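With one protein chain withheld, the remaining protein chains of the complex are depicted in position.
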Amino acid sequence: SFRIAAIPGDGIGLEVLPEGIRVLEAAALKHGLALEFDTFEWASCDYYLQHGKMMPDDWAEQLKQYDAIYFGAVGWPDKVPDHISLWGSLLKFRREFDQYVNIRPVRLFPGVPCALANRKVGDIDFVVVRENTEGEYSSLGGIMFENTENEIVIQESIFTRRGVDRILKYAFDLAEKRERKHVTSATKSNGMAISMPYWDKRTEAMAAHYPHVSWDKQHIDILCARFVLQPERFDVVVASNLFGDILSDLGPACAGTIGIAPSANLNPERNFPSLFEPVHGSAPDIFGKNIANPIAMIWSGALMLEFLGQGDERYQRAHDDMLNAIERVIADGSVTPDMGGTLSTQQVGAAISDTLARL
Amino acid sequence: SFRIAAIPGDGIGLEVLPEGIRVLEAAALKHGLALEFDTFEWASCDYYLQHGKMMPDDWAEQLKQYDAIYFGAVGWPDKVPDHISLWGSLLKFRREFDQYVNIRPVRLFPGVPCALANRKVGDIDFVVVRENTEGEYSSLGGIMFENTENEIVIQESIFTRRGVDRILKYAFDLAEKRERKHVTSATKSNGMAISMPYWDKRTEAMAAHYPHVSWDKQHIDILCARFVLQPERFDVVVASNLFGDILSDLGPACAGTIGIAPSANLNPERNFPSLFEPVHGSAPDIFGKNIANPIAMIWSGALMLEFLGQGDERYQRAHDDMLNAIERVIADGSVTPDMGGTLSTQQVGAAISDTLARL
Amino acid sequence: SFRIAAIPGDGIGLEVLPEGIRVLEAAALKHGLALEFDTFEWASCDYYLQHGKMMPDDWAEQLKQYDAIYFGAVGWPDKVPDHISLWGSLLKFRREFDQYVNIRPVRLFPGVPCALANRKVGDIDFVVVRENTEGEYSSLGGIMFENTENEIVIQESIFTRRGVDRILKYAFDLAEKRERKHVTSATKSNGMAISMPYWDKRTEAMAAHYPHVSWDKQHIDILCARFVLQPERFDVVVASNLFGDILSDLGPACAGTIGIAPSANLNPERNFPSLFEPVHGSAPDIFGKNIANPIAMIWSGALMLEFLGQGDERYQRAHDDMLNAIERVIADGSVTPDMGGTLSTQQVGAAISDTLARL
Partner (left out) sequence: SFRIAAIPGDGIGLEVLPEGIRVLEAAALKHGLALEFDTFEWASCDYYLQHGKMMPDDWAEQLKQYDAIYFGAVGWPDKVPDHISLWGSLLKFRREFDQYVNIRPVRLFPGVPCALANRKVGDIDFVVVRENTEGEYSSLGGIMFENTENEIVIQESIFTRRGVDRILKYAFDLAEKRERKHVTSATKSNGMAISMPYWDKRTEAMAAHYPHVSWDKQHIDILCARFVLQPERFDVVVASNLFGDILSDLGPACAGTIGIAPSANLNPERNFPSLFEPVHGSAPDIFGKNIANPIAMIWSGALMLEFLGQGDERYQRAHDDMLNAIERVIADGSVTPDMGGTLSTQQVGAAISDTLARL
């Protein structure tokens, strides 16, 4: 008996969430899976406008009593400053729930358009392992000599032995379990003269632990190009918070698009609920036009299943299914405008809704 | 009567530098231009191995007596830690010479291969304006509780009203002088909760100064994708140190490559020499195989001219020439392996060496 | 025609302020001095309770239109957190008015009790020069991993070439004008490994500017003892913000007491109003018992005069007077409980009120 917390948040969160739930309830009934959903108004800019705070003070004790989070997106600069909204909701989720891994599997699905030249289709496959607790995402620092010629602004990056070690481990593992078993650590150990060399110190230190696994270390600029221009190289790519919510948009949209970009925010020791979300944001530019690609949002529930079940081949089943459901509709051509289709958001929700049965 | 300081530095710096000088001495003689070159051993890892320091203590007083710097690249991790080498040489150049603008013009040259799908050729053109004195490139911070379970690592980002204002100005200017006059400021004002919102505060503040110029502000992740997938959008793109030596590799290699990527490190008030370099690094992987694309290195001297002359239509002339010299050889197909050609570095040096006369 | 802003603030500010004004209006009338007082409710915890903020948003434009500030004290932990109240009022005064010098003359007045053993009386005399804009008084930093085993708390000290140079200058000056011309810079350049050595670097650098002036540098611990045990040594003592509102209590109370401790918050270039206050705080423990020593508060107005007049021997006159008015009452024995007397606050206000005429 599972319990799932669903939060559409802002913008297209409301839009793509019901079509994530939809294609999931299909497998639920279809495979005898204990999926008992719920919806929460907070973690939105409506809630913030109304209450002064992004969520109620007791959000956690609330959520702690659930198995997983199915999250939409958060942000509406029109009405709420972006830091306020991310820090006040999602950031507190990942943070106070110790979901230190943020993964973003990157792939070309049979027949997806290519914003890269003539690569064999499917010859692209890897995951991106993003530090999600610390690093360059901070609230530390402040403004000095405010409003004067001499104005200074400080921002601390904080790297610790724990967050780094643990995210570095969880990457000599997702490679310890693959065909290539290769790792590229991202760094900028020429620019940053204190943080990155350290990161490299610990990268290097834990290569000595998995001697069969093969690793290199590429400066985030080149890595970004190599990302677009030679995605066959990469198997595992491990990175700091910033070198996470970076790449995340580039990659899943290196050739394809950010509409088909899944992400997972994980607490491996299960001591807290993990959270599942697409890579994209609230996209105010597109909201209420139901044209938004819900694949990322779907792919997300799939991963929610894949992770969530653990000890069942039962839940495992559902994943592959749903990704094939994705896979068909892709080449079947029932897609959203940011991929070719003339279809709508719910259209593409209903298009997946079919294939799951047909096979 | 000009004086130019030439420093190949490490790796392919030695390799691409003599072919930068070459195609430049052609125009010099060809247009009556006061180019009196010189070469310096230091800012290399040979020098560092030998002397303990990347350059002599009196490098500056030395260089201050020259008009411009033609720089190769610096770095050799095999023998010198990357931060030590960048900080000890080039970083001190840009820093102690107040070369706060770092620009990287991004373009498709007639017939360049496309790591983006079917775009009109030449339908891509913009410059990237990179803060080069402060920002996320620091030596501030350090390690606490060293070697223990509790190990912490601090890195300060420092933004000031001066460096920010001045780089933001110098961008409502390179657009104040163009067909589109559009600016995209890069930010991550949802992740970074102190630095980026401030940056945006000052971005916004100086949009009120150039009301004809049009601006938006895109989070560095999306901006990176939009970089690859829709480069026609961008005219001017302004960014912090990190959001500089980032993009710089992606962009000039969004479709094309980092071999044809020029950069300029500028001190507009001319109080110090400006420095001219390609975007790429010492590329140990390729050194001594004379296959390295010297275009970036050439394009660099061109820009050295373009900037350096100022009040001459005399020097201006040379630029356009040399870029056409580039332009022909491109479509003429006399290029290096990272572009299609079977040619060598000096081959491609000699290939440019021709066209400059023929027209 | 002068204009004075009077702000009692919290606690005994209300108490000692009317007795500062009192003995001042005496000299005003007595010497033909343009003193046109005013009183402001804000910079108090009553105002903060009422308005949510320590003062109105337009406090500055308001105050900018006045010549000097006669300030009480600020703080009431019972109702307002101490940082909130200091930062929200007085700290903004000293800060946004560029009052970078904070001086605290330390002396034994004929017949004051001695919390030091058998020193010649009057054999003690020096001033303390306190950096008042930057240093260890910051709002920079923050909390990371909040509420967890791993909780970390960051606080930045910021030293700049401006604030340091300028406070160091203004000290090779108050000694350039004295019998001894000696300077002790306070440091802790063994503990603090970045800030203090730098401070010393610049201390040292500006000893080369006033070669007749004699200087040493004593670690703040020893300096504190030497403060109590050998106060004849010190002429000038220059220090960082923290090594300011430190000493300030010790010294003026090394033997005597914090009730007779004047301070001056100065903007030498007069571009802003200077502020005048006693060294002590709101002293909630004593409030509304009118036993509080108003000397510090009086001594303060005296200094307000001494500084304020500048180009008059006219205003200068008043000072010496008022300090003799102090001096008599001291040995005359008309003092408050923290000095021996059975008298009240207004009693001691009226006791000074006399002597000013009698001579």
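Each chain carries a letter (A, B and C) given by its place in the written order, and its residues are counted from 1.
We take it that a contact is a pair of C-beta atoms (placed from the backbone, for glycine too) under 8 Å apart; a residue touches a chain by one contact, two chains touch by 3 or more.
S.K.: Of the residues listed, C:62, C:138, C:214 or C:316, which one is in contact with the missing chain?
M.R.: Of all options in C:62, C:138, C:214 or C:316, contact with the hidden chain holds for C:138.
S.K.: Would you indicate which residue among C:36, C:151, C:312 or C:332 is in contact with the undisplayed chain?
M.R.: Checking the options C:36, C:151, C:312 or C:332, the one contacting the hidden chain is C:151.
S.K.: Tell me which of B:144, B:205, B:331 or B:357 is the one touching the absent chain.
M.R.: B:144
S.K.: Which one, C:14, C:34, C:60 or C:114, makes contact with the chain that was left out?
M.R.: Final answer for the missing-chain contact: C:114.
S.K.: Which positions on chain C touch the chain that was left off?
M.R.: 75, 81-83, 85-87, 113-117, 136-143, 148-162, 188-198, 220-222, 224-225, 228-229, 241-242, 245-250, 253-255, 258
S.K.: Going by the touch rule given at the top, which residues of chain B touch the chain that is not shown?
M.R.: Listed in rising order, the touching residues are 96, 134, 138-145, 147, 150, 152, 154, 156, 158, 160, 162.
Simple rule for what comes next: only the chains that are shown with their structure count from here on.
S.K.: For chain A and chain C, what's the span in angstrom between their mean Cα positions?
M.R.: Chain centroid spacing, chain A to chain C, equals 55 Å.
S.K.: Indicate the whole-number Å distance between the mean C-alpha point of chain B and the mean C-alpha point of chain C.
M.R.: 53
S.K.: Suppose each chain is reduced to the average of its Cα coordinates; what separation in Å results between chain A and chain B?
M.R.: So the centre of chain A lies 33 Å away from the centre of chain B.
S.K.: Send over the residues of chain B in touch with two or more other chains.
M.R.: 152, 154, in rising order.
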